[PDB]
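A single chain comes next, written as structure tokens; it is the form deposited without the named molecule.
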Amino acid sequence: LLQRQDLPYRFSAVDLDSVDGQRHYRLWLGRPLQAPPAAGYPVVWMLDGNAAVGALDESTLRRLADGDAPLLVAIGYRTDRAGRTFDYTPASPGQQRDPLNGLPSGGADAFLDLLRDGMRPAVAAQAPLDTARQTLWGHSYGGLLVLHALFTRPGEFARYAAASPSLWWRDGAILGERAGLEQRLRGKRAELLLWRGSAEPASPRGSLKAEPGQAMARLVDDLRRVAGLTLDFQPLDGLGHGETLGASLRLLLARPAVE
């Protein structure tokens, strides 16, 4: 697909390194043949970029070319479990290791800084972006990162899309960051899209502390009532964890474009 020349999108890549030199990104850019509007393309940023590219189908891309098509940016690695684990997980207080796999964790804010300060200018050199019309999508740990971005910097993206976010991570640590969201959101608007497959376990540990769906339903019931936040939860009946990656992306891309 990236090599294809006959679609209403063309694909190019740019490379960026992390500030520490240890992680090596490759951003795959899908640019519509359509001229951008005055204010720039709306932009869909995708984490897990290598997997995301694999889930972009030709039918989806053709429908996207509707007269207001988005620039697609898949943030991938040139190689990545270590990279993802570090980039997508929030830092704990004090003075960090992933509690399942033992790899370095806690790099989420460094990743979001790099997104803002390195990736966006790299992408803007290739195609004009409307920074008021940006979406951030991620699956699993990527969904954790999406929730971290919403909770700590709401409205920096117009639409947040978190598929099967790892809400279990570090005893539900992402849930602690939700406190104070109404305050940080004041005078701004955001949309949060959530997905979970009904055949998913509570965690990779199985279902020790809570029943499958419970953390999600509690999170939804909580965020449902937040002024300025438009919340859309879509359960995917009978889908397991792996399967919600492509499903969520197809369905995100079929939504009406960001206002």
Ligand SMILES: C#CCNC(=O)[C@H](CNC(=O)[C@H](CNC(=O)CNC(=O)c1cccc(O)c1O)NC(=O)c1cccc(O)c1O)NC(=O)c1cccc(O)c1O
Contents of the next structure:
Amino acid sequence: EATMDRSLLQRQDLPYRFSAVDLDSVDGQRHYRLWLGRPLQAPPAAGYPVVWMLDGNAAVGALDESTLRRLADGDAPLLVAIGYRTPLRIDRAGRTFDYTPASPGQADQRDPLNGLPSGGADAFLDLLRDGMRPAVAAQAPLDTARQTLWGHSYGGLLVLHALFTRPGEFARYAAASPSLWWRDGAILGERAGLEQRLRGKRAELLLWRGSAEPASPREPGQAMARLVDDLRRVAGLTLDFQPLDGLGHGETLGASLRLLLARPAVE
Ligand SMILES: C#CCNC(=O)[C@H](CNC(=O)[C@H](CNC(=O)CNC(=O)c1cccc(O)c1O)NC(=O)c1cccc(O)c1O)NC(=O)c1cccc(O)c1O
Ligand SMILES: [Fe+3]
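Form solved in complex with the named molecule structure, per the form deposited without the named molecule context:
What follows is the whole complex; the chain from before opens it.
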């Protein structure tokens, strides 16, 4: 419903400069703009570490000047906000499709919330690998062993799908207020076999949830607590759950992103 925040983009007085890289989905239906924030600092020998953010029209709006100045500590990351070509802060249709996994059973697969087409998670993650990273790498040197993937809500659902089904693409996975309720907890089933799929890899998972969030949009915290308890047991996986006192669902997006970017950079 609301406009995105372009102010940051056209600014010049910070230690980051932002440029756009455009791509379409393979099926031609969805239209992306990746906003690349490049440190003024020269790349490390092995390339910049990279932080990929879903809901990027929104994520750019949540990159504050204070955070951006501190990120320039001599090992600054490349920031890649994966947005949609639209004025809006949020792209309902695109994001609903791109960030939800397929539910094998269903023919026309439709979001149980807003009824839009869903189930494009794997196509999206494939496009990240096969089209986005190629384009981003051409603009700046990347350290592909030091990559972070962040998302909020359905974006967090996506992030969990990536870790659970295709672990090791990213070093750090960061899921804020992941929509665990989706399809009566369907994402929770995808976690079966994770330890086996993680063999020979090490990965970090950061989770957030706000104290004021309901269990779904229509027993708060139970699902998350059980997921955390389970994942704590997984060899190779470092888990950090951070509850956010005083926040509801919408507000955890910005909070998680600011807190993520304040963390130590990935090894
Ligand atoms: C328009 C649009 C698409 N974007 C959003 O809805 C985002 C991010 N939300 C999500 O990605 C999903 C998916 N949301 C949508 O696709 C659009 N929302 C709705 O259709 C909706 C329907 C019934 C009740 C709701 O609260 C809804 O948001 N929401 C949830 O998982 C959710 C979880 C706990 C509590 C909630 O209120 C949640 O919304 N939500 C917000 O920014 C938000 C802001 C203030 C208050 C809110 O409740 C918000 O959801
Ligand atoms: Fe909501």
